[PDB]
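S.K.: Spelled out, the chains give:
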Amino acid sequence: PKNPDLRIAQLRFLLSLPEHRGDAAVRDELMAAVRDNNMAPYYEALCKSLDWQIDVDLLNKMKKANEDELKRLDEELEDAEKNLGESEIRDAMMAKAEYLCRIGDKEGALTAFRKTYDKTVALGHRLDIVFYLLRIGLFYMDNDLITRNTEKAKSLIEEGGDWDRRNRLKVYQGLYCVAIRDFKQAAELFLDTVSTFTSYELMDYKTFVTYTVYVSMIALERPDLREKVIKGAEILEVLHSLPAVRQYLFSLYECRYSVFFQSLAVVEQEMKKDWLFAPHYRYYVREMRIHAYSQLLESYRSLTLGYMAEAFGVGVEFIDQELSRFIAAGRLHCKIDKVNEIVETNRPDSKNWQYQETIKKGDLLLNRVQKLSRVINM
Amino acid sequence: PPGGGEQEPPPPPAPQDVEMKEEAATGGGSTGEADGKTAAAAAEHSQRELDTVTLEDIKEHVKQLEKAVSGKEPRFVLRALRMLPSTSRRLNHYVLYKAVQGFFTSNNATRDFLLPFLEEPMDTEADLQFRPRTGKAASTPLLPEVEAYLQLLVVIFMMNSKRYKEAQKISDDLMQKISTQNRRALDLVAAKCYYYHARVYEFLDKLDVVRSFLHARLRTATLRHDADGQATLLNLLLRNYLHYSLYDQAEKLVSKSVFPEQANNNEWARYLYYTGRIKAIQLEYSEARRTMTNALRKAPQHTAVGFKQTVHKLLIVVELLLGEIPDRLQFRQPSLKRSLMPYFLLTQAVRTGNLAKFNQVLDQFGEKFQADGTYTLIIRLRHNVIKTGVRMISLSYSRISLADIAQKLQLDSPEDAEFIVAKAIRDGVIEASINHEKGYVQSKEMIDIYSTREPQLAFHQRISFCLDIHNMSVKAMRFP
Amino acid sequence: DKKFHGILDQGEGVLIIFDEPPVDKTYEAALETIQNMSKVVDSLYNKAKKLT
Amino acid sequence: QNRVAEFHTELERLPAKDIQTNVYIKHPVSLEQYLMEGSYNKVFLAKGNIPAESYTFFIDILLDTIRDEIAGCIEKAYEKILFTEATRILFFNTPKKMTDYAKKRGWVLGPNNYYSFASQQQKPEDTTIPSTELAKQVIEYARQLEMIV
Amino acid sequence: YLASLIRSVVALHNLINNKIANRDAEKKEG
Amino acid sequence: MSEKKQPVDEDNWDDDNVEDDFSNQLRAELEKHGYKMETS
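From first to last, the protein sequence lines are chains Y, V, X, d, Z and e.
Oh and the first sequence: position 339 is 350 in the authors' numbering, straight run, nothing missing.
Oh and the second sequence: position 424 is 441 in the authors' numbering, straight run, nothing missing.
Oh and the third sequence: position 13 is 383 in the authors' numbering, straight run, nothing missing.
Oh and the fourth sequence: position 2 is 110 in the authors' numbering, straight run, nothing missing.
Oh and the fifth sequence: position 22 is 282 in the authors' numbering, straight run, nothing missing.
Under the authors' numbering, read the sixth sequence as residues 1 to 9, 40 to 70, first letter to last.
You may find that some hints are simply not true.
27 angstroms max Cα-Cα, derived DSSO-like pairs, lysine-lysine [what the hints assert, rightly or not]:
hint, chain 1, residue 1, chain 2, residue 2
1, e, 4, V, 273
2, Z, 287, X, 417
3, Z, 288, V, 54
4, Y, 239, Y, 181
5, X, 419, Z, 287
FYI, nobody ran anything at the bench for these hints, they're computed from the structure.
So that you can see chain Y by itself, here it is in the shape it has in the complex:
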C-alpha cells in the first residue's frame, strides 16, 4: 500500500550514498520489493544495487494480470452503470491510481490523480487525493509538486472540514525540516504532539518525538524552553522510554557540558541514518556547539580557559582554535586572549543595542525614500 511506504525511501538513501552501509539494507529491501508486487520504481535502484535477477518477467505477468483484472472491472463498470461522482466508478478508478503508487511509477499515478480530481465534489475525497500527491511528492522530494498541493490544501480545500488538517500540521513542517527551516517553523508546529496512532497520516510516533525534540533546542534556549518540552507532560512520557535523548536534553538544561558532548557525538552519528538528511549533521552540530558556548560565556565576564580545560572536556588548544573560528565568524561575542589566558567578553548595552538597530532601520528607510522621491518628479 502506501501506509508503511516511507521506510522504503529510507532504505533507498541508506543503501545508496554510504556504500559501506550495504550489508542488511539490501537483504530486507529486495525481498520487500518482490513482495507487494513492486515493479516500476526499483529499476533505478537495480542499477545502483546488485546487477540483475530474472524475477522481473515473473512479476510482470503478475503486474499485468492484476492490471487486467481491474481493467476489465472498471471498463465494464463505466459502460454499464452510470452513477458518477464518488460512486463505484470513482473507487475502482482510484484503485487503478492506488495501484500505480503501490506498484507503478508516478506518471501513470499522477495522470489518474489529476483526472479523478476533476470529477468529484466531496472535498474530503478531494483532500484525500491531495494527501496522495503530497506523499508521492515526498518520496521523490519533488519541490514543484509540494508547492502546488499545499496551496490546494490551505486555500482551495480547508475552509470547511476540520481536524484532518492536523495530519498536515505534521507535514507542512516535516517539509520545513527537509528545507533549511530547522529553526523556528518546524519547532513551532511540531509542538502539538497529540496524534499517536502510527498511521499513514501519522507515519511514526516515537521517531516523531525524536524529531520534535532535536529541532526544538534551536528555536528557543531560555525563552521558556522548559515549559513546552521539560514541563510538558506527554512529551516527557516517551522520552522517559528513550534514555539517550533525555540525557541529551538534561545535559543542556542542567549545564553539564562534559556529558553533553558525549551525547552530542552520538546524536550526530545517529543523524547519519536519516533520509531528509542533507541539511543536518554539518549544520546541526556547528549550531549546537555555539549554542552551548553562548550560555556558558553568559554569567561570566572574565573566564580563564584553563577552567574550560576540565569542567568542559579536555584539549586546551581545541577550545582555543574553536573559539578563534567562532569569534572571527561574526558570532560568539567575546574576545579570546593568549598569555593572561583569560577569555574576556563584551556585550552591548541599552544605548548600544538600541542605537545599532536604529542606525540600520534608519538607513534602510532613507535609501527607500531616495528612490521614491525620484520615481515621482520625472
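Use these hints to put chains V, X, d, Z and e onto chain Y, whose structure you have.
M.R.: For chains V, X, d, Z and e alone, kept in the frame of chain Y given last:
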C-alpha cells in the same frame, strides 16, 4: 509564400497604427509643452526616451516591409508645417500619405536611399521653431540606420547623418533655443550618437577627435547652465580615457568637474562605477569600496543585465584587497554561471592559506581575467594573501604574543612577523599596538564613547537629508 | 535564570553586583514607529506604481 | 621618491612586457612586490643583482628612504636597545653608519645601552569643545523649519 | 529619527495627491 | 534600460553561509572533536 507570405499581412496591420500614434502623441505633446508651460521636463520626454532605449529599438530594426517603418521615410519626406496654412496642408498630408501607406506600397528605400530620404525632411520648407520635431524625428531613424548591423558603407552614412544632426544641434545651440531647451533631449541624443560613433572609431582609428569635440561640447554646456548636460557629457568623456589602456587616470584625478548634482537615478549610478575604478587604481581602497557599494545599490532595477554584474565584479576584488567577502552567487543567472566560477574559487583560495592553488587558478583562469580587464590582481592581492590572516587574528585575539602568531600565520619566524604587523598598523589594517618589551601584541581598548559622543555626527546628515526631502516636496508641489 | 543581578570572574574568583537602567521605554518605542513607517512607504510606492 | 600611487597607474600602459620578458622593467616591479608583504631583506639581498646599468643613483635614495622609515618606527616609544639590534634591524656591523645615526638621529651609546626617548604627546582634551558649533547646528535646524515657506 | 522622517513622509503624500489631481483633471479638461 | 556596459551577463540552497565559515574540517565531528580523550 503560402507559409510566410500569408503571415506577411499581420506584421504591418498593428504597428502601422499604434506605433505610428506613439510619435504622433509624443510630437504633439512635446509641442504642447514647448509652447505653453515652457518648463517641459515633466512630459512623455522621459518615457519616450525610455522607449527609444527599449521599445523602438526592438519594435523595429529593419524598416518592416509592407510599409510600417518602410513608409516612415516617404511619410516624413514632405514636412513644412511653416505657417498656419502650411500646418493645415501638412495635416492633410498626415491624412493622405498614412492612408496610402496603410493601403498600398509607397516609395520603398532600399537601405541606401535613406539619406536622400533624410534630405527632404531637412529640406521641403522645414522649420527652426519645430526644433524638437527636427531633433527627435531625425535621430529616431538613425537607430534603424545603425542597428541594421550590416556595418558596410552605412558606417560612413552613420558618420554623415550624425554630423547632419550635430550641425543642426550646434546651430540650435548657436541658434538661441527660446523657452524649449532641447538639451533635455539633446543630452541622450548626444549619447546615443556617440555610443555607436565610439564603435565606428573602434572599427576605424582613435576617438580623441571626439574628445576634442566633447571638450568644446562640455564647454558650452553648464556655461549656459546645466540641465543634465554636465552629467551626460562627463561620463561620455571619462569612458574613452578609461577605455584607453594608456596612463589616462591622473588626467581624471585632476578632472575637477565633480558636480552633476542630480542625475535622475541613472547617470549617477554609473558615474560612481567609473570613479570607483579610478580610486581603486591609485590604491585608496576604503573610499573606493564604499562608493562601489553605493553604485551597486542605487540602480539595480533590471533583469540580469550585466553591468550590475560588472559593478559586482569589481566590488569583490577590492574587498579581497581588504579581507571581507559576502555571498556572491546567491542571485545566479544563466550567464552568471560563466562568471561565478573564477571569482568564487578565487576567494576560496584567499581565505585559506594556500598559494599554490592561488597561482594555479591564475594560470587556469587568467584568460577570463583578460576579458574582464583585471590583470593587476596578481601583483596587488598577493599583499593581502599574508594580510588576511593577520586581520583575522587581530580581530579574534585581544593580547597575543608574537612568538605564537608565527606558527599561526605559518611564517616559522618571529623576527619578520614584527614587520608584517608593523606594515599592517602602518596601513591602518588593524588599529592595535605592539609592546616591544617582552613580545606582546595587544589589541585596542573596549567599546569607547560611541554611546555618547559619536551619534550626533550621524544624526546631522539625517536631519539635513530628510528636511530637504520635505523641501523638494513642497517646492515642486503645485503645477496648477 | 535572572534571579539575581550579577557577574562572576575566573581571573580573580570574584562576584560583582550591579544595577541596570529601566529607561529603555523611549528607544524601545522609537524604532517600533519605523516598522509603522516602513509599511506606509511600501504602501505609497504601491500607490505611485499604480498610476504615474 | 614615494610616488607609490603614481607607480601603479604608470603600469597601465605596459600590456604584456611585465610577464613575458623585459627584466629591465621586471626588476622594479619585483622590487615593489618585495615591498608589499613583509619582505625587507629580499630587497637588500637582491641588491647585488642588477641586470641593467648600475642604477646606484636611484637605489641609494630608494634604500635611504627605507632606512629612515624604519628609523621613524624606532624613533617612537621603543625605548632602548643595543648596537646589535641596530645591527639586526637597521643593518651593518661596525661601519660609520652608527656615527651616521648618532648625529642625524639620537641613539647615544651609554653603558652599552642606547637611548631613545618617548615621542608620545599629552593629548590635550576638553570634549565640550563643539559647544559653539553644536549650538550653531541647531540654529539652522529651526532656520530651515521656519523662514523658508 | 521621529521628527525629520514623518514630516518628510506627510509632505510626500501631498506630492502624489497633487500629481494625481494635476493630470487627471488635465486629461478630463478636453 | 541598456547602459552599454552589459555585454557578458538543499542542493546549494543556503550553502555559502555554511561554507564561508567552515569548509572541510573533518565534518564527521567525532574523530578529533569527540576523540580528544585519548590524550587525557
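S.K.: Which earlier hints turn out false for this structure, listed by number in ascending order?
M.R.: Violated: none.
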